[PDB]
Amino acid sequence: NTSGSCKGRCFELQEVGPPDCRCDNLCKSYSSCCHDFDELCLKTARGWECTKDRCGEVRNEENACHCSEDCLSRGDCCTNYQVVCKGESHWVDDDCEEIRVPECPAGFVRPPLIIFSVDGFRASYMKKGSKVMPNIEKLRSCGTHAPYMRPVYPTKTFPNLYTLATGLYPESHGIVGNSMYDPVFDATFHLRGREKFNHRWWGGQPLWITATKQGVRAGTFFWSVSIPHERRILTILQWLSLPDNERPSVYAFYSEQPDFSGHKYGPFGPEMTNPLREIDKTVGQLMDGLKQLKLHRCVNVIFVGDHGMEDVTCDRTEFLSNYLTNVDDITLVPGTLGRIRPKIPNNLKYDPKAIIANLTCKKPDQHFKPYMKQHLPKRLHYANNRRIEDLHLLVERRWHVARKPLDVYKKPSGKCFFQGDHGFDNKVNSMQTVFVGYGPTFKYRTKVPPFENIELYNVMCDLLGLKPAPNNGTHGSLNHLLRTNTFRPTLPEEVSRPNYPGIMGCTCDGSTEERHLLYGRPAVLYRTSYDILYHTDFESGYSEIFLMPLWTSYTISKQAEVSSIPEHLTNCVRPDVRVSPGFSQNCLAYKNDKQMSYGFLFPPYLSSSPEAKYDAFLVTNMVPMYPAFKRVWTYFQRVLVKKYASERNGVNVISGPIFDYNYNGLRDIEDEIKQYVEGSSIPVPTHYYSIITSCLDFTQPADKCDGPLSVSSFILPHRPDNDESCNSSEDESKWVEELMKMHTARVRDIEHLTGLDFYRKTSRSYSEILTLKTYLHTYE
């Protein structure tokens, strides 16, 4: 009987229910520790380091850690015991040798994984190097690292740590902010409350559960703040010393630093050296501890942060009161993002249209931009959750938004209480964070491309021999981080087979595949009816259900020439004899719809000859477009495509529509389409994409590329105005490219939104293609 006291139970791995008291390392957070928890489990006497005089001491149970002969056996030596008492070196003082196979004690069933999470560790802190952080720098230089890892939006703690744990976007896992209101629960989630403890908020399947469910024992992934870091490390090491039947295989450590200091001093403060040195010392204690247990060439260690840190002060704050008549009616989640809702839930007089109008381009320098959530860049994946308010403000890096001037407080001396913050758009350089992987399963001395934190969950599953729960990572895209345990991915099977049709109120006046379709036809991964259409200058997959191409593919060489639309063809639209009238668009609809016009997927401007230009005016190359959006699209097609062709030694372009009316990041079924061109069956796209591919070695032309590929893509929102672009009264050269850059995307994003699978026929491995598909060109 072990109830009522923590004798024999300190940091017990199996939690205990009421009315017994607890002795695990969250009992402090639940106010449930036994009366003697501090006395027995949180010993501090004599500190955390052996000194020479303690070597061979008689064991004194009051000590924090031990330097007696029995400590290696008991598993509770101070982490420096063997250095001070047994003539050995610190882990950091050794050179690294490649670990080709795990070197674990007999009886280990798999290499353990330890995740070392650091809060607010900006990628660029790594530049301080070994002067400041020798242990971390050793892991980085000796193991596998990326120059940075991209967090999820919002670039805050709870959404990112839970994304690390689940492989899910915040909209999917449900932790969409550090604070949240759920209108179904009618409850608020916050750091400073009990609501956060209720399982109802927390979706997906976090790693500790995936592990447990598949027979891989987990240590705690949460530490009460009153447990000192030294004790967290000593507890992990004690658990690792347990017998085979009880020892966990996966562990996490969390440090609140360097976030706290970054907020107080700014990311460039000289004060920042101190928390970085302290974190490094803690890393050193872990590695020394592993080394003295002979587990330093056994364990896989991940060093990872949740987000970075930006320079932000009191003085750089925009106030809603300067824009809006009645800020009393609303609640604002403020700071480095904005979410607005009515102060009274359901208030029927809440009108987010008029609020957004009053926030749109009101001052020339304005340091935030309002969006209905469905209009945010699709790369953010920040809309499909009832806890995300309809009205969102994207805040400029280095700025805050608040409701009114008095929400900001500065001391009478002029001093602000903070100089750093985070939360901004996840492509912002300052928000990027760190990734290092070190151990037998990670590669040796390998630098990999920057990747997104949604991908890590699959990799952590791989490292532990687990089947991942369904998530938003792309399994195989990070196989190049690993020496072994790689996941062997499979091409998704094509669901619908194309038809290849021959010749069967609008007026006017082969070897295409080889040149224009460079990576094979995209596969359609849902049940539908569509036709492949060849032309001199382009190829398309034409949908009989949506009456427009799902994709249009074409190649523009570096020397290709732009021409104009002859002014005698300005309104030219030609019937397509390959496609019957019932499955075609018509111009009556566009004439009759006074708000809707049309554009073309393959641009007439890039036609190879006058004769070939006629194909560009086919009804099957036409798509519906608001006049405002044509300003953007025509500029992309007339100007930007050749600029890209010129700079990249030609480009292959695949363009097409996206329909995402319910804003879930997935291709809409027919039923979900909410808008049609007036009096017609012609669906109106929510977005238009383009995927622009060339040869990474740009001395080779795009169509004659022997090695890895280079890609950039976007997903442009199909809006009936250009209110998003404050300078849109000006010529397109002054704003359209900035718009496009904001709506940059991964090929994978387009795949979800279209039900298409690209790059199926290349000379590259499928794992490398998956990496390519997950790439995001950030323009930073």
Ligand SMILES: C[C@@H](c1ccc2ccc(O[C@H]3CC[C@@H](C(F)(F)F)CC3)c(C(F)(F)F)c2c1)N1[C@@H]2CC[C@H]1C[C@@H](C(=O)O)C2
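Take the two forms, find the largest set of C-alpha atoms that superpose within 1.5 Å, and that set is the rigid core. Numbering follows the first chain given and starts at 1. Compared with the form deposited with the ligand bound:
- With the core held fixed by superposition, the comparison between these two forms singles out 28 as the only member of 28, 743, 54, 719 whose CA moves by at least 2 angstroms.
- Core-superposed comparison between these two forms: the C-alpha position of residue 470 differs by less than 2 Å.
- With the core held fixed, residue 345 shows a CA shift of 2 Å or greater between these two forms.
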Given for the second form:
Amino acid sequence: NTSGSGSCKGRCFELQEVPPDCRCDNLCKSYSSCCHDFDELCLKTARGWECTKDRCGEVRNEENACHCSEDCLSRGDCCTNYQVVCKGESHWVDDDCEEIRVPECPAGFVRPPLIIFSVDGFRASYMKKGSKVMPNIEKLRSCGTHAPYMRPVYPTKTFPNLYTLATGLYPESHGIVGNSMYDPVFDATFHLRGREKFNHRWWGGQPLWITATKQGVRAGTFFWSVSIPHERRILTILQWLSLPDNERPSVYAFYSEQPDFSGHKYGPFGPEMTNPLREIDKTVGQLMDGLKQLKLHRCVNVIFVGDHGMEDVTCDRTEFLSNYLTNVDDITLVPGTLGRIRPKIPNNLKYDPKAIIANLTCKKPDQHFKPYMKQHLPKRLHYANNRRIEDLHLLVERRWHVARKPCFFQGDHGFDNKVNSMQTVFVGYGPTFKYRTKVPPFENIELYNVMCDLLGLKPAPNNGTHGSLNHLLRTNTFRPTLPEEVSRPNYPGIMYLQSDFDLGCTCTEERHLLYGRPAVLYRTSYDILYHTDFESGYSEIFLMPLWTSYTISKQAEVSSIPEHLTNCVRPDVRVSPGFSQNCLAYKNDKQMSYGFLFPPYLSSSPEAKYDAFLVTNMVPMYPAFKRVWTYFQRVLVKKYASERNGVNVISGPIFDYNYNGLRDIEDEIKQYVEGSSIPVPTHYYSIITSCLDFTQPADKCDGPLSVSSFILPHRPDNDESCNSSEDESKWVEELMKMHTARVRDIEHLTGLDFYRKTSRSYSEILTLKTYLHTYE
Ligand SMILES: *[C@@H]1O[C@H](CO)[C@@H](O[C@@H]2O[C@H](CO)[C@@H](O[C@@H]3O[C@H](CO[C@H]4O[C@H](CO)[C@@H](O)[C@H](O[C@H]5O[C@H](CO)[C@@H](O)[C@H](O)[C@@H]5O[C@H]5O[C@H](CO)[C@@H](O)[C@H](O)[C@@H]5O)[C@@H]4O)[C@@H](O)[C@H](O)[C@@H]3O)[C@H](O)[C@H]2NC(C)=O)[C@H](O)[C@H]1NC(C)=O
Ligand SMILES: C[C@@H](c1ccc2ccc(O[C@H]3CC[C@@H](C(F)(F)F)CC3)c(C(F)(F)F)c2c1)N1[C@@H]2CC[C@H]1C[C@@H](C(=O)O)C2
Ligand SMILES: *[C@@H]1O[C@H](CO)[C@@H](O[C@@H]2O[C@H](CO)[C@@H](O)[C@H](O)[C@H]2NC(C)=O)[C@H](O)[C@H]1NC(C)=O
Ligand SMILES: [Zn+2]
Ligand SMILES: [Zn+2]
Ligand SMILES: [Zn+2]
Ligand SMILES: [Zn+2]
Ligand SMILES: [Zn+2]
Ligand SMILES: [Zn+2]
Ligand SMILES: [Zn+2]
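Can I get the form deposited with the ligand bound as well, since the one above is the form deposited without the ligand?
Complete assembly follows, chain above in first position.
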């Protein structure tokens, strides 16, 4: 027919591409193009997967799944336990750890092979079960390189996280934004069940196997048809490692759907969680026993990685949109541990997203979801820049579900990736990995760079920070390089006259720039301005500081903005009026007010406070945002300075009007103060750095640093905070925790490079820039 039927004799699980002729590969069943003898020749199950005493030295029966004869080592098809049963050897788990300082690979191996062992729904807390349940896995964790947990990407669903690992891209970037999704361009829907998921048009970016392929590294067939058992896949990977030098792949992948399947049906803390965990460990033991049989246990690099965790979710904790909305039949909702709303039909003139958002906003005192326009989602989630992401998004609180209209499950996932239950596992074992080393938790977007390094691959452009995980590897082939500055700063003097201004208003480096001047990595003209208490880089294009740096010691006296100085704004004689803002625009804008990047409340002396009221320290701020900002400046900064023995703060604006996580150009800026060229930031950031050894002051730190950061949305109302009518001590801190950010996120949104002049390696700094303070 279209395929036909030849013989799979000597072709079982071939890697060669073969369609005119009949196939014998891992996915031949999936296309119904196998040969008549494929099942009988390749999918053998007779007598199981383990050797026994009776089978030692047996006469070779080809019917058996694996063999226990003397020849099986030469012919390459013993069972994984042949040597321990029939030759008195030991399981790999029973052997003590021995540090693999150099790869002990057979001749013909140019590089250590990489085997990626991925598991679905593996909570990091499962490793607390330890050697009791998973001895093989614990040995990999103990004698290898391991993190306490690895942060997944949002949403914490299976395929978005699996592909993020393969690409190093955020789901908005590689295109798999959920297990269920609708692409308006395709007019088609992607689902966990169906053929549309196999269409490659959905899968963007460059996955690892393509990156290896385009650079001459042989990738084994990673993906298996469902009907092939796990044990057969393990024996096949071992057989591939025994292939001749001109065919042996360098990178291998094993994926297991457990313990995710059981976790959904039993709950993450269920007593029969143990059985799937043991079964996974037994599969790992078969791999390690087999690698030891092939003398590859001290040659291969093994990665044990998960995609997400699992949380207690039952139908008794389900929110229904029908208790909020009157048009549930006019909408389409992606349900579950997350919510995405869409009109059921286009041309429905009775569909208003504004009315839907309002009717979902703080309508119940314990409302277990929060509506969001995707552009207002916390920037750490990086979930806006895709046509497959609906404008209306619902962030569901942990342990809860959202449906459209009113259990067989006790567990589910998909929540905010900072939720502790969604954290998953990472283990690195092999010659290139470190021995008995614990590394701090990291995000799964960084693994693509490491896997490329472990294969000598040049990474495709991705959202990992290359070099941020060099501390995982005994041998690092990537040396990070500081980006070069593009725009150098003007250091202007006192060059203008206060009479030359038509403002319309009325009325250091050793201490405040502790980690070096941020580098402007884009072409602009900006001025570095010095003051007693703060230093800034003032942009002449955007009429405000790009960054503002100041240090607050543990011993600091808070002050109030004086009543006479409340509305004081002063011209800066170092900046021209044409490159300055004006207070008339703020008066002529009914909705926009102004704030100050360096807080006047924290001025050192009454004379120094006059600098805090300079026009060059002024930024546009909604009255709603000013409530958040003023509490942060008047209360929170000193509190942080008291807890952390002083803090250095870098604050400034962020413009991202197309919600792509990147720095806006002037053309992409779409709002300005009324009758003015002053741009309105979409967000405001701050970077709060101190000495990790808090017995040292922030301005006199010797070793590693500690950082916390946020990116607050700049919004005209506080509808995000349901308790905003109360005092700021009751809601402001909670809002800031939800919008915590890595310094790296700020760098993308500002085009600035931080921590350039410090006393640690660039690799250590890159790890600091990727840190996310979770408060969880
Ligand atoms: C995380 O890292 C990624 C990758 O480094 C960054 O995304 C990149 O952003 C830059 C802009 O700063 C884009 O450059 C533009 O490229 C286009 C032409 O791009 C074409 O060619 C590239 C190279 O082959 C290809 O990757 C592009 O693929 C896009 O289209 C595919 C089909 O639709 C899609 O599968 C793929 O994911 C990508 O989609 C992009 O567009 C959609 C629509 O906006 C968006 O939803 C999605 O997230 C992607 O952004 C494309 O064929 C030029 O015309 C421009 O002038 C400009 O040079 C890169 O294209 C883009 N690369 C990728 C892989 O996304 C992220 O910014 C970064 N995030 C953060 C937060 O830092
Ligand atoms: C549905 C999808 C698929 C299936 C199983 C999957 C099981 C695991 C897995 O990911 C793990 C973590 C990452 C690692 C590494 F990539 F880093 F090595 C690999 C294991 C993925 C993913 F998402 F990554 F691709 C799967 C992807 N297939 C569609 C489109 C890609 C695929 C190919 C196939 C075809 O036509 O052949 C058609
Ligand atoms: C959003 O909520 C408002 C207020 O409840 C809804 O407006 C009401 O619609 C009902 C229809 O059942 C009518 O009684 C009135 O026209 C409205 N007022 C009151 C007091 O009920 C509105 O329909 C809701 N919109 C959506 C999309 O859910
Ligand atoms: Zn989904
Ligand atoms: Zn859908
Ligand atoms: Zn698979
Ligand atoms: Zn699942
Ligand atoms: Zn398994
Ligand atoms: Zn942008
Ligand atoms: Zn550090």
